[PDB]
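The chain below stands alone and is given in structure tokens; this is the form deposited without the ligand.
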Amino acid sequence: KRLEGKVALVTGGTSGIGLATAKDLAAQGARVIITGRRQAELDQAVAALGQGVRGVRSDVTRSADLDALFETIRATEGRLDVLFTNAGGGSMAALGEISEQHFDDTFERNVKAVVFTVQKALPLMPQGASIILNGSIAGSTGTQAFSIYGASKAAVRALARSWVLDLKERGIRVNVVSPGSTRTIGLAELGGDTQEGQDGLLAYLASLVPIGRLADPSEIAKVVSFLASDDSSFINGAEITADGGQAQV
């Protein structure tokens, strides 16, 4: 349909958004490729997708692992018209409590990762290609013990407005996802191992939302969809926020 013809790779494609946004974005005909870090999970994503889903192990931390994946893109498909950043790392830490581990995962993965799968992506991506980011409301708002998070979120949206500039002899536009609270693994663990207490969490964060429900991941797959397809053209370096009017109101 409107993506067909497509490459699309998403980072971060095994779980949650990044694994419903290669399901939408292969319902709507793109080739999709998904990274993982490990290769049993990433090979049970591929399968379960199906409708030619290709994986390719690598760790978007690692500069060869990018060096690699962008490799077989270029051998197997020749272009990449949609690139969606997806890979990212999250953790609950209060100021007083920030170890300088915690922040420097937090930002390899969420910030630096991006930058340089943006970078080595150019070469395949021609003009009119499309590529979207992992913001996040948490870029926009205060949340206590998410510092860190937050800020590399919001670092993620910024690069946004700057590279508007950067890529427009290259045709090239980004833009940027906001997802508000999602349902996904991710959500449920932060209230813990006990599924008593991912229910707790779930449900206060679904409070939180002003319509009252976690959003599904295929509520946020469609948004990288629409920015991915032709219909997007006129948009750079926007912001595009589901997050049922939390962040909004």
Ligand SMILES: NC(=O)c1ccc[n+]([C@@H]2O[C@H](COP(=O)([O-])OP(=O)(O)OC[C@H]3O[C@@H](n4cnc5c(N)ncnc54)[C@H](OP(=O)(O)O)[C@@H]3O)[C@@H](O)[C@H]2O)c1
Second form
Number of protein chains: 4
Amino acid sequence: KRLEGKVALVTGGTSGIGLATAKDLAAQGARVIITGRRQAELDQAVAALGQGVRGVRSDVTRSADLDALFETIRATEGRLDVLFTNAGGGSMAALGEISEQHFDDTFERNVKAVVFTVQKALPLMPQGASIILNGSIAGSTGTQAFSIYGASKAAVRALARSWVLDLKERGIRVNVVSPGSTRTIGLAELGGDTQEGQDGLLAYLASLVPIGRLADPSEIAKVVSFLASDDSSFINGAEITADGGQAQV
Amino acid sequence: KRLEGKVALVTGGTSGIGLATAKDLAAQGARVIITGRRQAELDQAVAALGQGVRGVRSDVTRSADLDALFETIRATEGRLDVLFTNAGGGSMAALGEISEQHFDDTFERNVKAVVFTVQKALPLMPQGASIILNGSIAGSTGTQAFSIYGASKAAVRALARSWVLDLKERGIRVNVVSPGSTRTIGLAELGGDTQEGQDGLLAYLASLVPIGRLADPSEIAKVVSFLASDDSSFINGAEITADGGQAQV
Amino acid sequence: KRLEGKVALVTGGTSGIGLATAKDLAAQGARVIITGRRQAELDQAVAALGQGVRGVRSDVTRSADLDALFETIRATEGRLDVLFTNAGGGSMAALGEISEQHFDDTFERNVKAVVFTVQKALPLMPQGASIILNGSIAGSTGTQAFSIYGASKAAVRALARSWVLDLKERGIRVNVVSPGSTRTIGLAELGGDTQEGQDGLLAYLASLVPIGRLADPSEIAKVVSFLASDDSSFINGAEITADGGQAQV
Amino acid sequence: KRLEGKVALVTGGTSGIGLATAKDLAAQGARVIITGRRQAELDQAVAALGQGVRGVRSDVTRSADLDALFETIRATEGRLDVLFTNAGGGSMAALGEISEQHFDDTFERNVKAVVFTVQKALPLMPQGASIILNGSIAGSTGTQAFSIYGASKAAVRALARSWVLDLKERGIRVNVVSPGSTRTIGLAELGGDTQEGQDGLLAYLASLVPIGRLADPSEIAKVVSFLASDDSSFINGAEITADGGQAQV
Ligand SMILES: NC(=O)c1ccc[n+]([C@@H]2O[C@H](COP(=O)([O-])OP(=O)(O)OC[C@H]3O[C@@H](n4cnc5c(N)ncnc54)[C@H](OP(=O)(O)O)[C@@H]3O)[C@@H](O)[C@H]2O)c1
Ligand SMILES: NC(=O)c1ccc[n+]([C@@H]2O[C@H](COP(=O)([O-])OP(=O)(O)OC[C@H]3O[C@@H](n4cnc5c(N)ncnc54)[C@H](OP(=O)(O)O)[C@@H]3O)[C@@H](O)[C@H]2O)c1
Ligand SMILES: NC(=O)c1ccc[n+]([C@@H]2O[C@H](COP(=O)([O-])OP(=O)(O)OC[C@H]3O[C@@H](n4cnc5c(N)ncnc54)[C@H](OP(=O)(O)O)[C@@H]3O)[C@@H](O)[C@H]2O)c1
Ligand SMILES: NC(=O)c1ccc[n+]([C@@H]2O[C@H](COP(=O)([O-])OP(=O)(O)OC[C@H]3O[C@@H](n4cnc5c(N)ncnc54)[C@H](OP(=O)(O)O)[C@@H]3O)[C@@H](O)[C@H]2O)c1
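Let's see the other form, the form deposited with the ligand bound, since the form deposited without the ligand is already up.
To see the whole picture, the full complex is given below, headed by that same chain.
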């Protein structure tokens, strides 16, 4: 198929966008490795995906986990063709009530972990490999009480610009998918643990999208799969925004 | 079989990016209509493409030609699923030597014709159709003696932002592919008609690209096909830039 | 003080932002020339402002008007230090109801006239002169039924990027002020001719602004004066957006 | 004396842009507090600046220093009208050779310290106060071996977008000055410690600027003073780029 003969890694691939992307990449022929912190959900995801998908329990914020994750790839597949640095998250905190670890937590996972996931992956990635960073429209817009999340995603987008030049000798292109609001557990949890709070939040966020609906995670995965394929061969350092129009308007 | 059962129109599909795009769309199963001003080159492209591609001689800057083009589609295919407003061009003119004709010619084909191609197409386009405008990194960068071309391409990008909202009810999404330097007769012709000049310019423009090469026209076409397919269902008003890094760096 | 001795031209300086800007430039010591199509409103603006402001009846869309205007400046003041290509406007037209005259009128005044205002100005402008284009947040956002106006303002913004390079040897910098919603006759007229309609539209546009009010034209004038001053000596090709948060959030 | 009666704080005001800005703010009537880690350079800056400038030795990355800094302001001046988060820096590190310490150092001073400088200042800032974050064109461009610095500055720009909304009720506006290459010790040090190497780098970076020169730190300062004044009353969440054209082309 389109991505057949390609080895893809998705950090945080047991839920939400990571899971849908792993599903889509596998359905295009890739051998897929997914990661996640919780063993139970990791195993359930790997079973649901079938298709020679492979799981590793690993935390992207722990340098040693990253090392172990990639040695597993060197020993098994021997190379990495596609890298989707999906693992990320965010919470609400207005200016005036931002705690030091609200900052550290967001930036360690959303930014620092991306830098080192990419850096440790490089020895496994051949000429023509494709790296997809996970950004967000939050990186180029303003949302009340999400400055730190926004700042973290803008940092992600900027890294890809400079990495064009750092990876040019290596022949590896780096692009960013920036989703708008996507129906995931992640997003819903911003509504709290109440079903009504999640439902209310999800319905409010759908009303902000010009086309008036949230994305299904499979609609984000399609963008990643395109960037993973050789069809994106002349795209480098670019931000592809799939937001139903929200940030372009 | 991605665009199977889809009717696609490419204005200016007899050379360069339009031709490659028509080939690629068609290689996905699409029924393709191409246009062009010169009958010979049009006939020549239609024969080379085979595949139930159909040609119409029409100038996008002529209102009556547009009317005739779309009557032809109404009479034959009966609908339009994919629209690529590819017809466009540009020439060099520094500020201080910009003629009124230089301005009118650029903006009439690159901007005005796009507005009226889209508007005349609308009665043929069902819920879920996809429009692709042809932009350029020139629209978001500065290039000496190309102000008028740049301004025109920036205007094209802005149109899609508002058209998200104008076409929300009709369920039609509008996106922009913004190529960097793609080898094409158009591009080469900026060097003049001599072999020395075309080769020099083409090699100069390749040295500006971080990955160090011009785009093959097919590399742009793959983006349009992605935008044309249902994979792009949550992309609206977005600019997808395929420039090898040049405008992102 | 800051503009003491400087000769400034404001096209379309008989109302709104142009008028307020002419006032502010004069209050900073500049000799200001304002223009307008209507003699009565021109005469009243010149009289109301006093402060050594001078009026010329001229249409920016008429080449011969542009020539006579600049001949007036050569014979009277002998040079031009500051150019504010303010004269502009817009009207509503959804995609599906855009007339050729709606397109031509918008782009002739908003884009073409800017190009040729600047080009005819260049022989009067010394090293270190300052050009200010009037853009708009509509150029980087989407607004239902204002696609053509938006497109024209995006084109203005792009022009400045290329003109940095066209004007480098002449030492003339070019920047763009992009106002958000500003309380002018221009803006009110979008509400119709009834006072009720103007109040409704104006309060609606104010609710779109993060800080919750429209700009007074003097607040846009301050930005132009800053760009006109020598303080902007390291600003070139830039867009300064004064919108109360609306396009930045 | 646009800033007469206004209390301004400039973090990292003993050299370069911070020092020039403190000088310019002071020259407009402001009571200026500057900070710095080194006592000798701080003392020298206060003596050279005179004009009712006040110095405090404090590290923006140490929470306790910030607390002491702002208590001194509460006890002495009793309010803060203008905040310039200037203290910042960066060094080169290509992808493949980025250390955890290089990442932490850049992001702790350039981003984290900015967040908490702003947050601790807020109780001292009245309605109508003005915050200026110090960005960089690096935040929106690609530079080989400067991915981490670039990422940090894009994060800074992003922070202001959301802080528009967080600070609405408070009536405090937040904008970003983004310098291009500006002749500071900071920039020079990127050439190393030898005079030859610093001179070489400074001339190379001057050749990257369209207008062919580095900025004097006073040229950046004028932008900050403008944002600090009431002239910027309708500017909020905006990025003012003073780059001689480099990131606009
Ligand atoms: N959903 C949206 O609307 C949206 C919009 C824009 C951007 N994004 C971005 O898209 C990405 C995915 O978001 P999502 O909504 O799909 O999130 P999600 O459903 O909440 O979680 C996705 C996955 O991330 C894993 N994960 C979390 N922290 C991890 C860590 N430190 N190491 C490894 N795996 C980790 C989770 O498994 P464990 O918890 O077991 O580790 C889970 O499998 C994030 O970068 C997010 O910021 C989302
Ligand atoms: N090539 C690049 O590097 C590059 C980069 C960015 C953007 N673009 C844009 O991509 C588009 C295609 O460029 P290209 O380089 O492929 O151009 P091209 O090879 O020079 O010509 C493209 C096609 O446009 C047709 N055409 C021209 N004027 C027309 C008109 N008035 N009505 C109908 N058809 C017309 C031409 O046929 P006839 O002459 O027979 O009419 C030809 O088939 C243009 O919008 C261009 O600005 C190109
Ligand atoms: N107001 C806003 O919220 C806003 C926002 C963003 C951008 N802008 C831009 O700012 C500029 C001023 O807008 P405004 O609201 O102040 O407009 P306005 O109140 O309608 O005043 C515009 C001025 O332009 C003059 N003018 C119009 N067409 C002209 C022509 N062809 N030649 C010479 N002078 C001409 C008009 O005088 P005559 O009619 O007598 O010729 C009048 O003095 C425009 O470019 C507009 O697009 C405005
Ligand atoms: N120069 C450029 O071309 C350029 C371009 C874009 C952006 N910028 C940004 O502009 C700002 C100023 O840069 P610059 O070139 O003027 O820098 P600089 O000359 O290298 O130093 C600026 C000042 O920052 C102080 N400082 C450094 N670390 C500090 C800390 N942790 N806490 C408090 N004060 C601290 C220094 O004093 P001590 O060492 O004594 O603490 C010094 O007085 C930075 O944010 C920089 O990233 C500069």
